[PDB]
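Peer 1: With chain A held as given, fit chains B and C onto it using these hints.
As a plain string of letters, each chain reads:
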Amino acid sequence: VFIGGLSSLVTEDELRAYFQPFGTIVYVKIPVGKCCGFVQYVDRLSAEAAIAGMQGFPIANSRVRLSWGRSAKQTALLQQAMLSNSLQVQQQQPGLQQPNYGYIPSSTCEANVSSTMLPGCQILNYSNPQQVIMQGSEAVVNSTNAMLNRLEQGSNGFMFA
Amino acid sequence: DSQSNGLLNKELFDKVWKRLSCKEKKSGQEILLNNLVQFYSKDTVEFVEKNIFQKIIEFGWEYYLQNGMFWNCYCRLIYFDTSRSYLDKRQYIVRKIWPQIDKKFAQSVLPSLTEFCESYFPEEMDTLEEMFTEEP
Amino acid sequence: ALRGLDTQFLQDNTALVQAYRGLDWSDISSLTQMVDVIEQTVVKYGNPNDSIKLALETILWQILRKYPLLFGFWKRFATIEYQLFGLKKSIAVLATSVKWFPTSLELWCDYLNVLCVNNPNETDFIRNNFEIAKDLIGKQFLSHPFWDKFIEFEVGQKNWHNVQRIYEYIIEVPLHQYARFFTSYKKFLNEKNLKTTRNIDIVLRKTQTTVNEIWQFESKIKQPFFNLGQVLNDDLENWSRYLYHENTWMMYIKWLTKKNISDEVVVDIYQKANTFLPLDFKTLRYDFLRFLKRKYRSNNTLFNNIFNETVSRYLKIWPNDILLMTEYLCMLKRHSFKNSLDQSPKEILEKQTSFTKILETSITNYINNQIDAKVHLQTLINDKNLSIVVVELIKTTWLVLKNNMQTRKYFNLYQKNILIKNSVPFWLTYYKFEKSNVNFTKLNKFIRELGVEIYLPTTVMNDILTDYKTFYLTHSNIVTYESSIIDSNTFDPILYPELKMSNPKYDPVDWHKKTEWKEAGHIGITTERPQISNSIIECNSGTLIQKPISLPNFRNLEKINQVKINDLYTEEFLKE
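Chains as they are written, first to last, in the UniProt record's numbering: chain A, 315 to 425, 432 to 449, 492 to 523; chain B, 409 to 544; chain C, 18 to 260, 288 to 553, 561 to 627.
FYI, nobody ran anything at the bench for these hints, they're computed from the structure.
Be careful, since some hints might not be right.
[Stated by the list, open to error] Below, simulated BS3-like cross-link-like pairs (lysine-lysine); rule was C-alpha separation at most 30 Å, straight line: (1) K326(C) / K237(C); (2) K382(C) / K497(B); (3) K486(C) / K497(B); (4) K343(A) / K239(C); (5) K348(A) / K360(C); (6) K486(C) / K450(B); (7) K212(C) / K298(C); (8) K339(C) / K382(C); (9) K401(C) / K418(C); (10) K450(B) / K513(C); (11) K360(C) / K497(B); (12) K504(B) / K298(C); (13) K497(B) / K337(C); (14) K212(C) / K239(C).
Bound conformation, chain A alone:
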């Protein structure tokens, strides 16, 4: 996603806090003072859900402008080949080499495994920053426990995100 129209008073952690529950997230780097950011998800489904859900929402009192937009490498490539104005052709983003069976897209797990591998559960997942973890049994305990931690520490001021 290209998140455009930012306040420029918003950090990267505070911008990770908005766009994280839509799905797991590879990187959230933002340029120094171009008043616009860049968020990249693992899933196409989660990124489309983020553009639907967060369109025009105000981050630090400025209506935000969400749309698509390439990476940092491709942007440097297009910028130098546009100052040389030669071709400015792009490259397709890499596929997941499907059929992939473990993964149920748009799903987050935040942190010994004998799982019965049945269909309704989730077996594999992407780790949060990055590597691949076998999904444990106790996702809800770790998640709920971390959000009680986040509430009690954020009320006193140790994370603005």
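Peer 2: Leaving out everything else, chains B and C in the frame of chain A:
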């Protein structure tokens, strides 16, 4: 003062206590503790402090004594009680909770208790640091 | 930014003074101004730095020539080339000479004498010493150079055993046992140095840096720590750092903390790593803050001032960062207003009310845009960091002085400000306050407003909706719930948090021209799609036979090929 008795009904508190008694075998003990300290009243907090926290101290169970979230919750119960004034709640915490935690456990209990003392009691931070300094 | 152009401009401006052959007081001061602008921008490596010292010495500006040497020592730790020159000069000096010449010599001896290439520095001081007639002073430098593992150690030993014809072996046993012990260490150190001497070669690669062997050399000088170590690992870090790498600094600080020298040495190293390191690293800096908090217990007054100037210098460079403001304010509440339990309670309560008074006059002063630079808190307030000061005022008014009327007055005042209506700890403190009082009217009106008119991050909105559903289920009965249901908002505190979680913009209660229709199969790409106006596919065929079917009306038949894109990316970021 028109308070529905929440988890501390005698039919539900038994279901809570039979799960807090298993002590590490069952997952999710911290959320049971953390959801039992929202009463913010006089006799309700007095029930909770007389029945769970005092009794975990009285049995001397090692899992909860070891774990810093237990002592953070047992301070945060008393401090958000709206029945005490400031002086008696601060003096109750520093004089009769913090002495009870064992110094062999201090390396796990101090990182969770330090965040409490840094958030709410910045003045009494040096007392907590000198209770657990590396040299007696 | 262009260090090459900053190298080129000084190389061009010096070549304008040198080839016009004049003193050129414009270009002399311009090459000096280009030197000052560069040296403030870049750490100024000693080989490049020496030319600046050589030209100013050629311009005979003795007082200024000494001062640039001190800056050079800070810029490069292994600057024996700048050290020797600063020792070569300042011998041509005034009356303070004899004391200053050894002072620079001994300061370098605590700076560079533990290096393998330090043989020229002691010899030059020996050359200074032999020019004096203090043969006792020459003898003292001889025994010290014998005891340190240096390059020409055997060359120094034999030379000192012939020039000293008068007092050669007054203590034979002491001198030779120190010499052979030096040779045992230098034989040991010869393994790492030759492994370093055979990798350093400028080919713009990892071998020129020698980082693998430098990490090897630093590791093997860490473990066999025979108490030269702290000076040696300093000397080992100095040659390895000169070759910005903050992890090397963290390892040197970790080793020196484990070695337990006095803390002011560590504070000096921390200040140097604060000074020469580039901004945005954000990891050794907070390490420095928590070291200043931990070591505060030993010695009181100077660490408050080190802390205070540190936090001011770090809100110079990271103004958007908020953990510094609450960390400063925690230290202010501890140090400036301290009161134990053993003190009489009127003293305690007056210190709390003084803290509330200074904090409220600070935020009331900053909102109405009048500043008071005598109080340091007035300077430290930033509009990203104002909210945490308001939070400290709320939490202190409500939890310490314990009046709910004044607390509600502060909430009802400050939630209308621009800077803090969208702040996280203010509203989450408000949630904990209206949870402490167990009323649900303000909580239902709060979480009913949480997406539309109180804009919070979605992680915090999810946390608030989850914890408020968990709270409401266990603290409220059906007689309260069924009277809490109102139909114009279809709000119900059991199920509405379960629906409002991931989408913030949620309204609870001509379709063909909305922006959800037009980009249906494909987001972002908008196309008006052709459709039949009066379609009959909802009508059953049991009811189509009753009367004959009309012709189709069409809409948007011109636009089966037109597809249009609002490219925010290219317009607002590629072409600015």
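Peer 1: Enumerate the violated hints, using their earlier numbering and listing them in ascending order.
Peer 2: 4, 11 and 12
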